[PDB]
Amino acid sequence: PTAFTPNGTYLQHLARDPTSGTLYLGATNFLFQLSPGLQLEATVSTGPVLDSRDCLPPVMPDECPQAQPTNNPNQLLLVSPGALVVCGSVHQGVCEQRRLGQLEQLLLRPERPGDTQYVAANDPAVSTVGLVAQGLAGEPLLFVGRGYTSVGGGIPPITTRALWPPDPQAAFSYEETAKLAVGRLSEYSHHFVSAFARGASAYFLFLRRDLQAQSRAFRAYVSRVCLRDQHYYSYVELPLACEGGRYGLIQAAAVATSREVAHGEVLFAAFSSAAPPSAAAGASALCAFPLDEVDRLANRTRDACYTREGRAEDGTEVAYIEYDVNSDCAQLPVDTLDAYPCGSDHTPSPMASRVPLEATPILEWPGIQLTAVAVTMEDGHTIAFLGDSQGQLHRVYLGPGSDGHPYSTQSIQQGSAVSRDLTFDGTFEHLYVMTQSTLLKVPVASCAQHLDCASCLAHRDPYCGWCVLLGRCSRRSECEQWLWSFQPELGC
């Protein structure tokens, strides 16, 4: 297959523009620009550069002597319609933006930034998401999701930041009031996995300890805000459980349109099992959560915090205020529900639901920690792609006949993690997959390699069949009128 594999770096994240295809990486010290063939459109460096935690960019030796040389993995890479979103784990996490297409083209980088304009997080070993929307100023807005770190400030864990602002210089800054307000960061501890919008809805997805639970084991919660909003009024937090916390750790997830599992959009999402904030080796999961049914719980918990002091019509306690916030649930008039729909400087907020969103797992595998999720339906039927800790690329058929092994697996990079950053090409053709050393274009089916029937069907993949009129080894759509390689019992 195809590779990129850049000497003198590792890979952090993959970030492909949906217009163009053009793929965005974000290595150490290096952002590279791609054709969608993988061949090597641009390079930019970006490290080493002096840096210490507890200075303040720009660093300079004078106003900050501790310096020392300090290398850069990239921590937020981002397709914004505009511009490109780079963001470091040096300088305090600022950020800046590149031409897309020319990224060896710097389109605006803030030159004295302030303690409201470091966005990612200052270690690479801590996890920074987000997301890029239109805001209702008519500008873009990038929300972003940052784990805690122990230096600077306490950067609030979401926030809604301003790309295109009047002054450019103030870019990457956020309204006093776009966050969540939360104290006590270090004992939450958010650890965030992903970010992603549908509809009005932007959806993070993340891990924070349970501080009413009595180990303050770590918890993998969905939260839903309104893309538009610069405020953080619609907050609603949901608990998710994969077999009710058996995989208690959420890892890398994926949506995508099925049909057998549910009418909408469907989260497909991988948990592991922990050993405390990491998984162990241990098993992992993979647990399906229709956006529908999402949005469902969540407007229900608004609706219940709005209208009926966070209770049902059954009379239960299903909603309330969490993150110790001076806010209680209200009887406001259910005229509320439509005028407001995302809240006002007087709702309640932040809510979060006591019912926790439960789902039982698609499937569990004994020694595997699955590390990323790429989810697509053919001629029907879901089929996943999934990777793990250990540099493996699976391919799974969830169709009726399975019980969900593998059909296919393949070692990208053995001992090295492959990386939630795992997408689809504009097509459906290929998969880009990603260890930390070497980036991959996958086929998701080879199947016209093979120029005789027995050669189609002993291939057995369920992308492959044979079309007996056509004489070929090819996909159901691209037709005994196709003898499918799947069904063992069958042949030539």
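Basically, rigid core = biggest C-alpha set you can superpose within 1.5 Å across the two forms. Positions refer to the first chain, counted from 1. What changes on going to the form deposited with the partner chain bound:
- Only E313, out of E313, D167, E176, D345, shows a C-alpha shift of 2 Å or more between these two forms on alignment of the rigid core.
- Superposed on the core, the two forms barely differ at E104: its CA moves less than 2 Å between these two forms.
- Relative to the superposed rigid core, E260 undergoes a CA displacement of at least 2 Å between these two forms.
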Given for the second form:
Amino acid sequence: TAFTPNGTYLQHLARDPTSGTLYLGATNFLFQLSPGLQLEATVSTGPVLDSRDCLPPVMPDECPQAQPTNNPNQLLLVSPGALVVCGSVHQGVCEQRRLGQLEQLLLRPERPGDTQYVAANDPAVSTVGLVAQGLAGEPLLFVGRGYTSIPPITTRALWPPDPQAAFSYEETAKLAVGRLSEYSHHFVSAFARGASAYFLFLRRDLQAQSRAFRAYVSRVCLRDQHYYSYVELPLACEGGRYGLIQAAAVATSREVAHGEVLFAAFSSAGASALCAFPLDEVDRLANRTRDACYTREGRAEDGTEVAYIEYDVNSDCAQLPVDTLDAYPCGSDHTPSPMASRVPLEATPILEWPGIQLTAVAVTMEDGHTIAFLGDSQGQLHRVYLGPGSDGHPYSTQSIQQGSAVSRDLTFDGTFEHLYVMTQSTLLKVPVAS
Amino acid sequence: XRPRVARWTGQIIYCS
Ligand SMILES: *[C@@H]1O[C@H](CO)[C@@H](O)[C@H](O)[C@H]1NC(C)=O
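Could you output the structure for the form deposited with the partner chain bound, given that the previous block was the form solved without the partner chain?
Starting with the chain above, the whole complex follows.
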């Protein structure tokens, strides 16, 4: 019913849907847990000798400033053929390990090049990722990486013909962004739907006179592997009055595996809000943005500006034929890129909690009703009924670890009878009812 | 007013 490793901190949680096995990324530790929260394997991951001025492998002659450094886990994703682990040490290099046999190593390049620094090398920065596959069945890895001290989003080979080139990205398989410390992405999550991959994050809206941080959803084709179809849309949760997106989830349940509505928690720069964003409207507005920037020079039919090129790339919206939309739905070498909407996507809060910083969101369905499991910075887990007639107030609240923020990696078990809830010191298997 | 989630469909009801 609990897992509390004495003397270390938790960072990430992954669940193998085939197996039920849980995987924990911790400071200097990887644990494999059975669904019953029973320990099945441990793997030490640090400390090591490191500096952030230094490139792996770290050696005393080239890096005398090296020092004992802990290894907070930075990414932890289940792949078709392996478990993907990236730490925050050694420039965020990754490895792959056997599913169910966490202790044995499958793949790990012996001399990683500067194209294979995957995760964030600063534990105070986040890394988000998403496994997907190529048109040829190749397995790929989408990675969002916040600014530290490397492109903010990349598509990398998980099992390429040479194993040493693993986790590398091709020259066009990244989002080229210039003033990375000024934009200063903070990633929240990444998810797939249909033919697309999506990234939720925070960055500075340099288009705005105040240059304040702003939440965005962002979309790319899965086959593409080129970022030609990259398009960002700002989020407006009460017009952006709750500006800092913290966590989101799509409904997951025995009836609907993955829902069509994104439930996101936002925080004010204090109070929090829950805001729904229908995914067809998300796709509607990115479609408009792409369509306008391709064929009407970034403008609506009445001439109002609706789309532009972000990230200072030397690209422009154009006057391409309407046929380009059908001939190049995921873009091309010379279509305008990367694109953004001037028009936000709006949501009216379905909750407003005046003294709460939400940090985690899970949503499920019970006999047709939508329930939301919402964690906060204080280590509380709330339960809220989201259907018609709702109070907005939680019908239930439970302390997981006082003072210690609940982790985004809320996950249900295969039957949805339990929620796996995590703080910096403990992981619970919490029943959904009684 | 505030949106709610429609029972069974998960579709969002914008006004109650
Ligand atoms: C978005 O545009 C694509 C065109 O490639 C189309 O397949 C899809 O149905 C569109 N979705 C919406 C919600 O308009």
